[PDB]
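All protein chains but one are shown at their positions in the complex.
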C-alpha cells in the first residue's frame, strides 16, 4: 500500500480501538495498525522528497515509525492479556508519536 | 511474552550454549534467543516507564537490542555452518551487550 | 547466506534491473535484493571486525542497510504499480547508498 | 468486522480506485471491497432492527449485497485483465447500488 | 454430511449455547452451526423431492437457510466480542427460523 | 475465468461424468463444475448487458446459478458416498437448470 | 470442547455407523469419534471434580479414553481396508468400553 | 531438545502460572509445558543411561511423563473453560508428579 | 497401511541403521520406523482376528507397539544428539521388543 | 486425468490464447496446458497399445511431450514478461508439435 | 534414499500389489513406487560408475526409469479409478522393464 492509505489504516483502526469494549476488537485493530506501520517505514513523505536518503530528516522519519511499531506491539501484548482498558490507554499514548511526526513532516 | 520472560529465555539458553557439545543444541538455543530478543525490542523497562518514547534512553534501549539481535544472527550463521566453537565464542561476546544495557536500565 | 554472497545477489540483480523491459522481472529482481539486504544488516564487515558492536562505525553500517532496505521497498512499490522506468530509476539511485558504504567500509 | 467498518472499507477503497493509474492498485482495492461486502451481507441495519428476519425489507437488504458482490467480482475480472479504465468505470457504476440501498435503509 | 445430521448439529449445539457460561463455548457451538447451515442449504428435503429445482418451495427452502446463515453469523460476531448474553439472545431468536421451515417442509 | 470458459468447464466435465464408471472420476469432474459455477454467478450475459444490475432478469440469472450450485453439491455428496449411478443420475437432472437458463438468456 | 458434547459426538456417530451403507460414511463417522475421544481425554468428569489430578481415578479415566481411542482407530483401519461390515461390527463392540467407564464415572 | 532444558521450561512456566492474573498467560504457559513434557518423554535420564531401553525403569520414566502430559492437558482444559483460579490450582498440583519422578530418577 | 508391510518397514530400516555411517541416514531410518510403528498400532493381527477389541490381547498388542514407539523415539533422540554409535546400539536393542511381541502374536 | 481430457485442456486453452487481449489470460491458459501436457507424457495412445514400452514409437511419443512442455514453458516466460503478442506467437508455433504427433500417433 | 533402498521399495511394494484385494492398498503401493522410481532416475549404478555422464549406457539407464515412471503413473491412474485387476495387470507388465535393466546394468 502507499503511505496515504497506510495512514487511513492507522487512523481508522485507532478510532475503533477507542470505541471498543472488548479485547478481541482491540487486538484485531492493533494487528492491522502493525502491518500498516511496517509498510509505511519505507516511504518518503512529500515534504521530504528532495532530501537525500541518508539525511537526518529521513533517519528521523524512520525513527518515528520504529517508535510507533514498538508501541503498537506493546499495546498488542496488553490486549492479548485481555487487559482492555490498559490496551486502550496504551493506544491513546501512541498519538504522541503520530503527532510528533505530523508536526515536522506532514 | 513479557520482558522478564524474554530475559529468562536469553539467560537460560546462553548457559546451554556455553556447555554444548554439538551444533544442533547451539543452533536451537540461538534460535530461541533470537525470538526473545526480537520480542524484547518492543518493550519499555520499568525504570524508563515515564520517559518519552523518543527519549534518548528509549532510543539507546532499542539500540541495545539491535546490537543484540545482529550478534545472535551472526552467531546463528556460524552454528548453521556447524562451527560450534566459533559460535560459542560469538555467544560469549554477546555478554558485553547484556551487561551494558543492564548497567544503565535494569 | 554470508555477506559476500548477499553482495553477489545485490550486484547481479541490479544489473538485470537496468536491462529489463518489463515490470515482472524488475519486481522479481528487487525481491531478491530485499532479502539479501535484510540478511546483510546483521553482518560485520572485515574492516570492522575489531570495532565494538556498539561502535559508531557498526551503527553507521547498519544505518546504511536500513536506508538500502527502505529504498528497495520503495522501488518494489513502483514496480508493483507497473511503473517500470520509474522503478529502474529508483534502482539506479540505490547506487549512491552502495557506493557510500563501500567507500567507508568495503 | 461490524457493518460500520465494512462501509469504511468500501468507501475508502472506492476512492482509491477512482484515483488509481495502474491495474495493481485497482485489483487490491476491489479485493478488500469484496471481503467487506461478503461480511456485510449478514448484518442487520439499524433502521431494520425490529423487522422480522424473513421480512421483505431484510430480503431486499441481502439482495443489495448480492448485487454489490457480483458487480465487484466483475470489476475484479476486468482489473485482472489489466483493463484499468474499464474496471474504474465498473467501480463507478457500483455507486448506483450503494445509493439505492442507502436511500432505503441507511 | 446429510441433511438429517446437519439438523443434529444445529439442534445439539443450540442447546449448549442456551446453557453456556463462557464465550469460548458459545463461539465454537456457533461455528459448528454455521458449517451445518452452509451445508444444508444445498439439500432437498424428502417432502420436496419431486418439486422442480426452481419451484417456489425449493426457493423458499433456500431462503430459510440464507436467513439462518446470516443470523448465525450475526450471533457469532457477538460471541467474538465476548458478549455471551447478547449472543445467547441472538441464538434464541434463531428458533423462529427453524420453526417456520419445519412447519412447511419437515 | 470468463463466462464462456466457465461454460466450457461445465459442459466438458458433465460429459465425462456420463461416461465414467467410478466415483472418483465423477467426484473430480463435479469439483471442477462447482468452481466454474461459483465463478459464473457474478457474470453478466450478452443478452442482458443493458439491463440494470437489480433487474428481475439479473436476479433470475443469479437464481439459476444458485440452483445449479446446490444441485452440484448434492451430486457431490452422492459421489462421496460411492453411489456412482445415483450421482450420475443427479448430474443428468442438472441439465434442466442448464436448459432453463439457456432458453431465456443464451 | 466440553466433555458432555464430546459424548454427544460419540453417541450420534455410532448411530450413523450402524445405519450406514458405504465405507466412506463409516470412515467419516469413525474419524469424528476419534477426534471427540481425544478431546474428551483431557476433561475432568463432574463426579471426579474433587479428586486430585494424579488420583487413580483420573489416571484410570484417561486410560479408559486412551483404550477407546485405540479401538476406534482399529475400527477405522478395517473401514480403510474396505471391510464395511467388519468395521460396523467393531464399532458396535465399542459399547462395552463406553458402558465400562460409565459404570465408574458417569 | 535436551532433557535438562525441558525441565527448565516446566519449572519456569509453573512460576509464571502461579503469578498470572489472566487466562491467556496461563494457557500460553501450560501450552509450553505440554510441548516440553512431550519432548522430554523421548529422553534418557543420566541415571538410567546404562539400563536397557525396555527396562522397567525406562518404561516407568516414559509412563511418568505420559501421566504428567495428561494432567497438564487437564489443567489447560480448565483454562480454556475460563476457570483461571482452578487452572492455577491444578498446575500447583503438578508438583506431586514432578517430585514423584525426581525421587526415582533425578 | 497394512500391518505386514509396516513390519517390512521396521525390518528393512533396522538393516540400514546397522550399516549406516552417518547420523542423518540413522535419523531418516528411525523416523520411518516411527511412522510405521504408529500405523501398525491400529492394526489387528491375523491371530487376534476373533478376539474382542477390548480383549487383554488387543490391549496388550497396542501397548506393545506403544512401548516400541517410545524406544524408537529415544533412539532418535540420541541420533539428534549426534551420538550415532549410541543410536545404532539403541536400535539394535529394539529386537528384544520385536521378538517379545512376535512370541505372543506372530 | 486421462489422455482424452488432457487433449481437451490443450485444445480449449489454446483457442483462448489466440483470442486473448491481455497477458493475464494467456498466462492462466498456458499454466493449464502445462499441467495437461505433464500428465499426458505418461499415457499410451490407442494406436500404440500393443507396442513395447521401450519401443522407438513410445520413446518418440514421450519426446513429443517433452518438446511440447518445453515450448509451453517458454511461452509462459514470455507471458510473465507481459509480452502478450509474443506469447501468442509462441503458442501458435506449438501447433507444429501438436500436428506432428497427431499425424504419427493420433 | 540410495539406489539400493529405492529398489527395496520397488520390489517390496510390487509384491503387495500382486496380492492386494482393494484399490486403497494398490494405490498407496503404486504411490510409494512412483517416488522410489523418480528418485532412482538420478542415480549411477556401480557397474557404470566410470562411464561418462553422457555415455550411451547412462542414457539407456535413465531411459529405463522414464519407461518405469510412466508405466507406474499409468497403473496409478487405473488404481484411482478403482480398477484393481486392471491396475494389477499393469503392475505385472512393469517387470519386463525391471528385468531388462537388471540384465544390462545390475
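Each chain gets a letter, A, B, C, D, E, F, G, H, I, J and K, in the order it is written, and its residues are counted from 1.
By our rule, a residue touches a chain if its C-beta (ideal position, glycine included) is under 8 Å from a C-beta of that chain, and two chains touch if they have at least 3 such contacts.
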Check the options K:43, K:48 or K:98 and report the residue that touches the missing chain.
-> K:43
Which of these touches the unseen chain: C:12, C:18 or C:92?
-> C:12
Contact with the hidden chain, among J:7, J:20, J:40 or J:69, goes to J:69
Quick one: which of I:13, I:25 or I:71 touches the chain that's been left out?
-> I:25
Footprint left on chain C by the chain that the document does not show | 5, 8, 12, 16, 25, 28
Residues in chain K touching the chain absent from view | 2, 41-44, 52-54, 58-59, 62
Touching residues on chain I - with respect to the absent chain | 21-25
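Here is the rule we go by: only the chains that are shown with their structure count from here on.
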Whole-Å gap between the CA centroids of chain J and chain K | 26
Got the chain B residues that touch at least 2 other chains?
-> 25
